[PDB]
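Undergrad: The chain contents come next:
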Amino acid sequence: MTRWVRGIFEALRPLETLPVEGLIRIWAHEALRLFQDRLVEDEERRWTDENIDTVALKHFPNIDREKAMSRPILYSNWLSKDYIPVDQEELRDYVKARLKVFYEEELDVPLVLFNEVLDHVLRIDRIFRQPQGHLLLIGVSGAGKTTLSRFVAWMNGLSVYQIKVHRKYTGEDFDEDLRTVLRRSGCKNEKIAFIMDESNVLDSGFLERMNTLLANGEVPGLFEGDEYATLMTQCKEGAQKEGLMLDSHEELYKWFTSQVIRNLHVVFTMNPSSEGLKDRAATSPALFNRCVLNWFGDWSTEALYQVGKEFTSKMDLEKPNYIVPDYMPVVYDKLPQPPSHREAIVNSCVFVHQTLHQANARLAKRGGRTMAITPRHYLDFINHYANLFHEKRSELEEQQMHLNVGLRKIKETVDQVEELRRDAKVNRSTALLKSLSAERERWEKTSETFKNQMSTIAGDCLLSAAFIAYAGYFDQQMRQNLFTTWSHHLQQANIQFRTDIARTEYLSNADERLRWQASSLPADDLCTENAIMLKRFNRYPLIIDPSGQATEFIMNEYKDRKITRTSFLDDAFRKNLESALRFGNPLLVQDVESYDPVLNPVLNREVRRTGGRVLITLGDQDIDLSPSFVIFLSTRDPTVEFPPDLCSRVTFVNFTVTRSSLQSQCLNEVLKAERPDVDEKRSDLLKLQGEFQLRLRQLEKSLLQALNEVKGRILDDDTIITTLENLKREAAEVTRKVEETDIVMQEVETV
Amino acid sequence: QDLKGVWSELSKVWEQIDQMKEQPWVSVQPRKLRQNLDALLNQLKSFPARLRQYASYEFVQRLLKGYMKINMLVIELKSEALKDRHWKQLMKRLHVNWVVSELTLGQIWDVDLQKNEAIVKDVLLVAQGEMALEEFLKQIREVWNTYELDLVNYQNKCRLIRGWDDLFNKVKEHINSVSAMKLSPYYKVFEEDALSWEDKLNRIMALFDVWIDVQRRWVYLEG
Ligand SMILES: Nc1ncnc2c1ncn2[C@@H]1O[C@H](COP(=O)(O)OP(=O)(O)O)[C@@H](O)[C@H]1O
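Line order of the protein sequences matches chains H and C. Heads up: the first sequence runs through residues 2799 to 3221, 3470 to 3797, numbered per the entry's author numbering. Here the second sequence is numbered in the entry's author numbering, starting from 1327 and rising by one per residue.
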């Protein structure tokens, strides 16, 4: 209530003329910032929202509730001055401009400004623009806590200072860091927005000092001995700068303390955890007394949809022949009707994220082990989608260009043979023409197949990327269930894709699989999918396996790149990581349960790119990050839990066997060892998804290489036609496989 | 006429700007420079709109606006950062031949700082890492040259040493930091001195590792 009255008084001080509706507006805005801000779930927020208006209308009749309480209530002083309320769209434009500028100075990584972020920016700005305005942010990892804190601090001129935590981080190091930040904030009169995560808070020794600093404004005992003498020496100069000449030591220390309160805002970024939050209350009450707390958890459907639209702007996703389906599976209520192809794709992506939330909640209800799902997973998914789409479209386009070059060469060769005919041999020439014509119509059919593939590529890539980024911790049955759910959702949206897509072959080639099998990797569907995830990832993969087969697999795979093994328990770890940054060799990590927070800059991919240099801030030291660096985190206990911070920075790769992996392995073993014909036909069907076409493409490249030498010598018997009839027979074989795919698939299903 | 009047005002403004630019870079105070530039801008804005519509006035106004924009780069350049080697790198990359003693704000302002913002920022960050490393070294020098052993009476028999924990912790921290200093691209400067101090740290570490055990044994056997 006191903060309420103080806030209303502050918003009323610069104004001189204000109607009653404006006063009710300020009252409602302050109520929402004080009471609705701290709420956790949706129902309480709606309850508070409706009851503020109810109380306002009950206590103040005869007022216009529209202007008095409009739905987008929002106050800021950036536009004009005097804390005058601002419309949402003009504020959005201003924040976009300032965000582009921020992009130019620091943190070029794109940010998307949806309504939630637009509100949190003003809340953080209001808290910063206040003496002793300490702030606590509670939200799921990757919701944009640190990023918005840094953005607002930069916009207000606050310099962000965050300590670097690691293992064996003794209290003396934190004492030195506190001394440095206090000296910078008070002695030099430079404002600091002090930001901490929960990695460095887990230790209870630091919480006493932080509590004292939050409450008293200065922590006694941090400055003593010669350190206190240097503090006083610089404090005298600071007083000289402000023209506040003082000589007594205790008065100078009081001035330093006041400078600290005026110019130090501490931001505590924490993940949502009821038991941990209660423990923090038990060990430090000021975190809920001095620190005003702000909650924003998972992004709403609007936020996910807007992020998807913005991050899929480079992508084509434009089908002029996209027929709208009646009864669209819709997860965004504001989806345009009728939606375009890009709108449908982004809606499907949001559905993928929400159905993964549903699957995780259902698995938690079942009693199994769940991993927290964060918007960073959505960003990783959309990045995989963009990369896969670009790669697959590039491959299809280059194959089409190769086919066009081949067709032009064939036309030139046919014209040359016609000119030669213009001059037993004539029958051979006629047979050559017939074969060339037939293979030409075959390549026209190949062009038609390429057009079909370009039609299906968007859906195929979407499903593949969703599998890569999202799945990985669940067993084989849950992976297949998620894939079937996504496929059915897309089929309801008329997003064209292959009905029998094969994940392993759409995401790899024959040579890659043979290389994997050369190393220690069993020919298991779960193992092949895990190898796929270990190949294509953006966040560094965290491998869990009770047998340790994956560790040996990635050791053999990266042996040529002098991969090194190092555990977190070993004290040399840091040093080894240093070498991994200097040289660029991969570095496998074991024993992830005892996580070292020093890895956070590596996992967060905090790269500073300046002056032809790429730097990583390992603790307090900047290191040149080698371009070909990669780190794998490994463990051996499936029954382990991970913090949401770690869970949101890595892609999980589960090697554990369950009732569905072992079932598939045993069924495949029986099929191979008792029905070799059925296993052969199954492999024929499963490799038909490009591998036969790849062999045809390679042999056609060889044929073009042979045919390029066409002058007389190619007519040794007027028939080099043996190579082209070889091509014709493999083409007829794969064609017959294509027409008879349903019968073979049904027979394999029956067996 | 009005054209003659605006030409005269332009000549006066140009004379003021040239007189301000005659100040050598050493004695150019960024705060006073910004205040004087703001005063000149206010003087320019005091002209009538008819005189303001002239192209030359617009050119000089936008030049002063660019100078105000690059005043931040001027502040960053005029510090303990550039020294003379970073200035040498800037001269080499910008292909300009100035004199350090004769350096003036006019020479730097002639070169487009706004166009060369990336180059200037890279040089500034290199200098940032450089004084970071240099001040870390100087801290090592001042903490080790002024450090004294904690001698204590021992039963009026002799003077022994305490403080093994603090001294060993300091040695370990310093040796770890010096060893890690071999990383980073900034390591290429002042390498030999860093190796010399590494050798000194190793020598003291070994000597006092032996010394603590010798002291313990001698106390025990004396008892
Ligand atoms: N509004 C947004 N639009 C797009 N990307 C965002 C937005 N907010 C956050 N992100 C991305 O999500 C990540 C946020 O991580 P962060 O919230 O800093 O983690 P933590 O809260 O654990 O510090 C950033 O890498 C950023 O790129």
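The hints are simulated quantities; they were obtained by calculation from the structure and are not laboratory data. Using N, Cα and C, we set each Cβ at its ideal position, and we do this for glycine too. Any given hint could turn out to be false.
Facing chain C, according to a computed beta carbon distance under 8 angstroms, are these residues of chain H, among others [what the hints assert, rightly or not]:
| hint | residue |
| --- | --- |
| 1 | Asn-3622 |
| 2 | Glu-3624 |
| 3 | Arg-3628 |
| 4 | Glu-3652 |
| 5 | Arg-3655 |
| 6 | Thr-3656 |
| 7 | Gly-3657 |
| 8 | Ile-3669 |
| 9 | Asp-3763 |
Pulled from the structure, derived: some chain H residues nowhere near chain C, Cβ distances all over 12 angstroms [said to hold, decoys possible]:
| hint | residue |
| --- | --- |
| 10 | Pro-2929 |
| 11 | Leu-3000 |
| 12 | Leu-3627 |
| 13 | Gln-3667 |
| 14 | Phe-3688 |
| 15 | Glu-3726 |
| 16 | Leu-3732 |
DSS-like, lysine-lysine: derived pairs with alpha carbons at most 27 angstroms apart [claimed, not checked]:
| hint | chain 1 | residue 1 | chain 2 | residue 2 |
| --- | --- | --- | --- | --- |
| 17 | H | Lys-2894 | C | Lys-1395 |
| 18 | C | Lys-1391 | C | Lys-1338 |
| 19 | C | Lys-1395 | H | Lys-2966 |
Undergrad: Evaluate each hint against the coordinates.
TA: Here is how each hint holds up against the structure:
no.: 1; hint: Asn-3622; in the structure: violated, 13 angstroms
no.: 2; hint: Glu-3624; in the structure: holds, 6 angstroms
no.: 3; hint: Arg-3628; in the structure: holds, 6 angstroms
no.: 4; hint: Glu-3652; in the structure: violated, 16 angstroms
no.: 5; hint: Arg-3655; in the structure: violated, 11 angstroms
no.: 6; hint: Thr-3656; in the structure: holds, 6 angstroms
no.: 7; hint: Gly-3657; in the structure: holds, 3 angstroms
no.: 8; hint: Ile-3669; in the structure: holds, 5 angstroms
no.: 9; hint: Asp-3763; in the structure: violated, 66 angstroms
no.: 10; hint: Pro-2929; in the structure: holds, 26 angstroms
no.: 11; hint: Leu-3000; in the structure: holds, 23 angstroms
no.: 12; hint: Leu-3627; in the structure: violated, 7 angstroms
no.: 13; hint: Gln-3667; in the structure: violated, 6 angstroms
no.: 14; hint: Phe-3688; in the structure: holds, 29 angstroms
no.: 15; hint: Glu-3726; in the structure: holds, 55 angstroms
no.: 16; hint: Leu-3732; in the structure: holds, 48 angstroms
no.: 17; hint: H:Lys-2894 / C:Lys-1395; in the structure: holds, 21 angstroms
no.: 18; hint: C:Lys-1391 / C:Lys-1338; in the structure: holds, 18 angstroms
no.: 19; hint: C:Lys-1395 / H:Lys-2966; in the structure: violated, 46 angstroms
The structure fails hints 1, 4, 5, 9, 12, 13, 19 (numbered hints given earlier, in ascending order).
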